[PDB]
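The form solved without the named molecule is given below as one chain in structure tokens.
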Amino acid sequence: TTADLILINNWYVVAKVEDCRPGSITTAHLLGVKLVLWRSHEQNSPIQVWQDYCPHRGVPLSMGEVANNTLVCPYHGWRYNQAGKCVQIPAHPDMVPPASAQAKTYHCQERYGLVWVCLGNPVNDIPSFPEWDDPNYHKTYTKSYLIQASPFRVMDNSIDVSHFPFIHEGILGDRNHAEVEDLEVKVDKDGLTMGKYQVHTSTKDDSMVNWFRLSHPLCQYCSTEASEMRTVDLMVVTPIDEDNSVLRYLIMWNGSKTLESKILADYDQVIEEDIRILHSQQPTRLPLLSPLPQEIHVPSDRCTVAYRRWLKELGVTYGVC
């Protein structure tokens, strides 16, 4: 609503396809807009994403029911077809509903088992995820995490690597290996790419090789390679509004399928360790570079500074300060 056109015109994940099943009604919130998500009882029916608002008298359509490939609002029973047009008004069953009688519909695309939404007119496509079609990679999904922090602070914390030995001790690092190597960062028209850097953990030694790339500011493609196992993930942040976010991960890996529950637990521990910091930080919104006291930057922050720099040019004013 008060978000910049550059965010309104991008794709974001609002749900996993698994939490929307045939006949269901679910709700989401994206950039200050309340959304209703529904499908027909039909197997493989498409997913509609609309503003959660019946235009007759302002009741949430989410409180309605799916019946006969239509969503029926629960106040006066108007029925809206899959295109959002009202097709039956029960008070006047032979009146053709006025043209006005139409739900606000949004672009929706199902990809990687994720439900993607764009509130405006999409200028880019949904980010790539090459491993999706690779049969030697297994896949899994975290649950969704509600976070009381800017979406841009969520991504800022995910781009920050020097904190691993301190809040992620025992999984991504340890206090006896806290020094950070030179980090190569490039911001270009592709997006922000951080070059391969090395993580101490639990083939030369107890370390891993990681890189990541952001084609868009709220979706991150990460890669980590162990001795004989590669894991990749798509991290994707729902910007609920300027101060609140949903975090989800799609995770694929080419090692044993027995690692799934271990990966799920590792992510849950790391995410919760991050949330404790994120909820604590002030200000709530992500501070941008100088064009309480101003944020200080040392060399291991060069990727975080590049992110703030990239947001400034991108003209992001929403959820930042």
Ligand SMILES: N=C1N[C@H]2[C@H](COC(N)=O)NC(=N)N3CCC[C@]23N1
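Between two forms, the rigid core is the largest collection of C-alphas that superpose within 1.5 Å. Residue numbers count along the first chain shown, from 1. Shifts are known only where both forms have a C-alpha. Compared with the form deposited with the named molecule bound:
Here is what shifts between these two forms when you lay the two on the core: just one run of at least 3 residues, every Cα off by 2 Å or more, at 203-206.
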Given for the second form:
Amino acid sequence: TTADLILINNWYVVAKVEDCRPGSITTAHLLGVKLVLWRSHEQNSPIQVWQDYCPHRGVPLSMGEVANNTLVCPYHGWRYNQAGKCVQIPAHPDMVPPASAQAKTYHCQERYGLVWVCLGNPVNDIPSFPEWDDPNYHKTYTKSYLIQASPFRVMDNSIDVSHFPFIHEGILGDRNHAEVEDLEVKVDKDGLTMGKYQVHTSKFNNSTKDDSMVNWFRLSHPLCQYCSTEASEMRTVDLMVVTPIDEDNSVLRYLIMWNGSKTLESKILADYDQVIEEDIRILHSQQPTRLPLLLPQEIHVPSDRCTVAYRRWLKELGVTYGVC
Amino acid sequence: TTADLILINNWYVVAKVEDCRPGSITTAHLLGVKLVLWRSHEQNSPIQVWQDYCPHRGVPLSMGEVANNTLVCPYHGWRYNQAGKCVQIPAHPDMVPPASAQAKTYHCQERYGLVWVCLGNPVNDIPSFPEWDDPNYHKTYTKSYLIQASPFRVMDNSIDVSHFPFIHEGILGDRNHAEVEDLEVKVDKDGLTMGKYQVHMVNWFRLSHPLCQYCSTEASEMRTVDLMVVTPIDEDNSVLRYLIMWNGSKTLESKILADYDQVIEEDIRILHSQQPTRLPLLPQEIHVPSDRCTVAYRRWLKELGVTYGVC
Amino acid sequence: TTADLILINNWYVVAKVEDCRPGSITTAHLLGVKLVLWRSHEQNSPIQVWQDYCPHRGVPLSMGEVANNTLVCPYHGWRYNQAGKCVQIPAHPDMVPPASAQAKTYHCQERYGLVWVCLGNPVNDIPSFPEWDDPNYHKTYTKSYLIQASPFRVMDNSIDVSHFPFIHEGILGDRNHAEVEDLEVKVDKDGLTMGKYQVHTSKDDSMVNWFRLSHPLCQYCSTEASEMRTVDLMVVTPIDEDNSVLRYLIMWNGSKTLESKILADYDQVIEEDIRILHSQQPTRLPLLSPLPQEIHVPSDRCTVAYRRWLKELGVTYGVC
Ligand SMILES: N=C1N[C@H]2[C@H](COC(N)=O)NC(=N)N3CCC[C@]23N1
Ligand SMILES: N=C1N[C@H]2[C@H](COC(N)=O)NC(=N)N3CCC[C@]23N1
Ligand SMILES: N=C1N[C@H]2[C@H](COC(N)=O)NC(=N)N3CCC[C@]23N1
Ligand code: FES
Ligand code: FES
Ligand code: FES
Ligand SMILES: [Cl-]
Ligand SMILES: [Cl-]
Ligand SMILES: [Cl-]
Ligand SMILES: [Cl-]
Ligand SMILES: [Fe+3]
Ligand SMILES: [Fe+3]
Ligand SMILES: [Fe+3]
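Alternative state: the form deposited with the named molecule bound, after the form solved without the named molecule:
Let us now look at the entire complex, which starts with that chain.
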């Protein structure tokens, strides 16, 4: 696994907690590793996140089953406890299993209804999300988007604001109001922050004044973005998380929170989906698929300030995976 | 071919005789070599097994036609006799074909209703199957199974008895009778033999060579034997076939075949998912005593010098 | 593009002009390079051929739109003029695009109703085609044929003459007339020429055929039978080392009503060849030496000369 240590020792989302019911077995991929996630049948059981590989004969444990608080390999029925230790070999039921019969386990935390995994030793905290515990804000989750592009391209595109009047034409501007005001970007001890920024939206409802939004966002780590939007009657926040499948593939998910009417959920999710799929069309075709750090090399203009700072930040962090 | 010499000089099943009719052209793939099988229209004509490659311009001979005891390439019509010598170049009908105009031919034998092929020099005869000569036993053939796993993984899985109660629950074991008694396994000059052992019915098997297995199962009222043959397509792909014989009622045939198909499909589900796809010889695999037969098999392949399809 | 320099500096066909309508955007692939072809909405606007690549963030320009004689990238709306210089950055509409905001453009010429492209610097003219301005000749074009074989294999198979009786039986021969007369073949500074020879059909049942390649992927073929003459220009697009596009421009001085019969005969013969070409191993064309891979008998004289000519030119792309 060629991921840089700075990536291995971070937290990434691999699933939503609501898709991982008691007694379930789920698969995911993170930084090139196959993972199995499983839970015992008890209510509120913790989630285990292991490499999807039985030490006996290399069969995926995800093809087995959960029984009596153990994951059971389908091939010879070896049973692994929550710590990943083999505690029973059915062929020799009075034999202590070899101390080497042990799954490779990883760190797992549930936070914000999401399943966070660290494949290494977590040097960092899970990013913060201040509105999570605020009862004035409702919450919803997008579907997960599988995207054939580097996770760092996915985050680069989400930090770029100048493309709004073109590929989000009709939602976030139009081709003839495309000028980009000066941008305020900082890379410091809190990571990358984009200062408050006006976005002219296209009018949809002519009875109402132009719902002009003001955005700002912070990245405390390069594959997770906290975004704040103020409209005329409402504040919307989201936690955008990118799962780095490998160097060339990503999963994109949003946790969205807003303090307007709960009835807005359907419209919020449909509007995110329309924006994300427009982005995915560009991401899928971008050349090369990995993000070039500072084919001709990419040109930069003043409105690229944000994405330029992002690329510099990645070089400072020693990122070599998913970039070129 | 780049398979090890020990594998090159052994016999492998590549087809059923019933599929090689007089006049026919069929193909197979063995140890990375594409093969053409063909027969003249004479009744009882022999089967030729050649590399599927016309040496003029590299077109598959299997796209050709069998005319007058010759195989005819479709591109320029060069005609090859039963020994694979080019005997006619139509562009120059008076010319004697040069000596290099020769198909690459291989050894072929029909035995037990199957087409056996040796790509090198057969130093063995075809493995024995005693019940073929016993008219008290009926016979049937499974269909062939194309498996995306190393052939040595396929054979390794078939000798590993401890998985029976877990993935063959109902035909070869009970999840409540999963304990495995002391296995007796012996690797000889006669190959690998597993001693008689009880299945919850007594079973034993012998492999005279790494990819052919003879297996014998005795119930209270009936004996069943089969010859299990693995075609090594290449390092990562196999064809599996069984010749099954039994001395019980002949009406049991469809049940027997159903049982085999169910057991094979359960095995394929596991084989397809196993990693790596090639059989590791001796993270690494762990061994408990009920791995006795599978460890002995891996040691045998290592002793034999097998490097194709392994590790 | 790891293509040899002698390939990069030659001309190749990448489209028919009828495929490139005013205002259109189409794509092509040449020697590993992805191409965008586009035209203004004006009638008889010139054709631009560029690398399919926006220099800003690497989006294919082929996903854009033609507007006001410019190609507009869809990502951030930069506009490139017919020379491929960026003329407008909409985020900074009063700013002058940096000099580096320039598409990678290629040489393009329309000739014989075909779009010719040179990725490097042209050292030759587009091949000559004498009958193009003869008003006694009608013209027609085949469709384009994508072939999963090296373009040198495609060209090799079309100068092979001894296979006509076998895979083209009923159109270019039959198995009762499979014997090949002596072949006149000359390779020199001006390419490969095959002298007149007799093709059997259904004096007698025959045509006389010759052909010439001034360059290794373009062939001029001439066939005469009973006062009617057919010529064609066969052009192979080298997509990469393992893939190609085949096109024909056909001209003939007989009845106009032969057009659809000519097209069907060409199509049948081409599909018969593709069946062979897709089965051949290796995919790339094997050159000559310093179970045999290849054997050569006297009727192979023209394909042997072709292989020798390719080594002499220094071709390593698409051969082996
Ligand atoms: N994390 C992010 N959520 C999005 C919010 C929600 O609005 C929509 N429609 O997605 N709006 C917005 N302008 N930013 C900048 C890029 C897209 C996004 N980034
Ligand atoms: N050569 C072999 N044939 C197969 C048959 C399957 O039996 C039934 N009843 O389907 N019998 C048997 N004991 N096994 C163990 C593994 C697979 C197999 N080995
Ligand atoms: N340049 C060439 N065009 C093709 C046409 C095919 O003729 C017809 N009637 O379809 N004519 C011809 N002599 N040949 C032989 C090789 C393929 C081809 N070479
Ligand atoms: S492979 Fe998992 S128990 Fe044997
Ligand atoms: S390739 Fe077989 S005869 Fe020419
Ligand atoms: S990528 Fe083409 S304008 Fe930005
Ligand atoms: Cl449980
Ligand atoms: Cl995608
Ligand atoms: Cl015959
Ligand atoms: Cl499979
Ligand atoms: Fe976007
Ligand atoms: Fe099994
Ligand atoms: Fe042909």
